[PDB]
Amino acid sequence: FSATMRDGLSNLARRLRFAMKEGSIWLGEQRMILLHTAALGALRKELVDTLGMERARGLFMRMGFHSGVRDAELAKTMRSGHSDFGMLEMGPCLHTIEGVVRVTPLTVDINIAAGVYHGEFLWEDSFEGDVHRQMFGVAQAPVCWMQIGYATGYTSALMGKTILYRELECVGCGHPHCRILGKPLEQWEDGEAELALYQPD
């Protein structure tokens, strides 16, 4: 049901090592845990309840940003014999293997050497959208915060420039699926202020 993503998914699960003789999981050179979405949901609930939705959104986008940046490093380890899109597409694949979301590239214009990027993707079965509705009910703006942070971090680390993403539709809002658009910071009218969300204090 996927292409060319298949190759990516196969070539990636081999970088995924489950070692219950040591109680660890490694993906590439990054240690991972399996975490219940319901536990991340409970954390999110307390964060929004005591910090507010905006600051909580920031914490999650940054957490996602860190994940994406690490996965881009893994992506760059197997660049040999890989087009710019083929390297880009690893993000979508890693996002799927980690059970975060089913990603389908809709159309992608990417040139790393030239600094050109324009990407739109479909997101099916976002864990974050579902978790949010269960904790909060329907939302009045897209809620896949960690997931957007990840696309932003992964793509930016890959390009060596800031690529910001925005959800144009989201299941958290009661759509059938999520859909996103990513492009250079410069090209977003209020980009500099979105950028403020990725900084800690």
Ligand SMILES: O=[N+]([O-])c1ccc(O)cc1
The other form holds:
There are 2 protein chains.
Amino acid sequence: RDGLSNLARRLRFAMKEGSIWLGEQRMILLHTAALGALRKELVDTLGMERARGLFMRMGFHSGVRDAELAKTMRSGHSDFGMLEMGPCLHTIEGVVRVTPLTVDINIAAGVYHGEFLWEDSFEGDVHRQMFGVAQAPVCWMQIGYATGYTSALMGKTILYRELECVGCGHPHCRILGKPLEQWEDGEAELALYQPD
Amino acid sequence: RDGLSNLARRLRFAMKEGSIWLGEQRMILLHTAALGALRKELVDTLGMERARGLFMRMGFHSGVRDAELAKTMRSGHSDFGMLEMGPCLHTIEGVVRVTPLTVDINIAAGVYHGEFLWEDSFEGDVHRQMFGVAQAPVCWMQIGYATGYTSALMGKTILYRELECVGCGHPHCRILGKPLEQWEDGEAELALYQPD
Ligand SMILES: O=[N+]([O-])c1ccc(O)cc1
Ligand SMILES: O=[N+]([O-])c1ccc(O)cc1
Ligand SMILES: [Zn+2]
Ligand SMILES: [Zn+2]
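Counterpart to the form deposited without the ligand, namely the form deposited with the ligand bound:
Every component of the complex follows; first up is the chain already shown.
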């Protein structure tokens, strides 16, 4: 659409340089099976908790870099048209089919309240094939990205949580995003986003 | 070499289902910076040697899957034909631009001795900006890839090693693949491909 066809110009493949660039960031195409295998080794080795952390932060970094890109395409787009580049880029990257349910966003006022549908989550899919169906949501990297993108664009922390997840048997994933303090457990969600 | 054009049609973007396909494998587009940041956490917390193995093994799984795909369209393709598909896929993905130097392969006879030139190793050019110049070769995931690809192709253990590598500060990377039996340290090398 207008959010994908436009962000498509920022993507160029250079088989002449063996490289891929999305905006100003170099990219690779990576086999989901390969990342699933890495997940199983990290989970089995560092535990499920330490592992989710590592994936959430990898997602965060990715979401931030795409927010930088989006911000160079500010133009005459609204806050919402700004926001929607995130879901757009997430789709182009082959991670999930993002479907915005309802978004309330003002950047200047520090107001954001967002809810999205996720169809065909790579991360849920991969997780059931490696661990089987899961107790709690598994799209760690995908959530980190949401968190990373939206914080960067708002210049303030916006944590997301998966409300429903394909990893837990549900038909899809579903997520809610809102400012850190608007979260009861928001202090400790933020803790997941720190290395040391 | 010229199989780039052919292999490149196997790669489709399926935005409707938010998914990218290489043959029958689902792929994602991932920022090298984010991958760079996971490598750094892993090196800093698990040890440089222990992270090397994790990425080698992720590479290995990637390679085995491009070999699995290249084994579906071997219509009128010499053994060198099928071998050259690895470098192309690797290049196409955006991991590295690969120059075959001297390839000697006969699958039926167990014959394989390959040397390759690597320019623009994302990995070496990522370990460059996180740990500065390294001392030992640092394109772990990339080498794992060759190893997994050719071993799947030959039906036997082909290990690769880097002779030169940008992450050590040389102009370029250069690799040598050959059967396990023709490596001085081959058995300790095959050991890295096993998970702890
Ligand atoms: O920034 N956002 O609001 C997003 C970005 C990606 C996504 O999958 C969902 C929401
Ligand atoms: O199949 N192979 O021998 C390969 C594959 C990839 C690469 O970068 C070099 C060699
Ligand atoms: Zn999910
Ligand atoms: Zn190298």
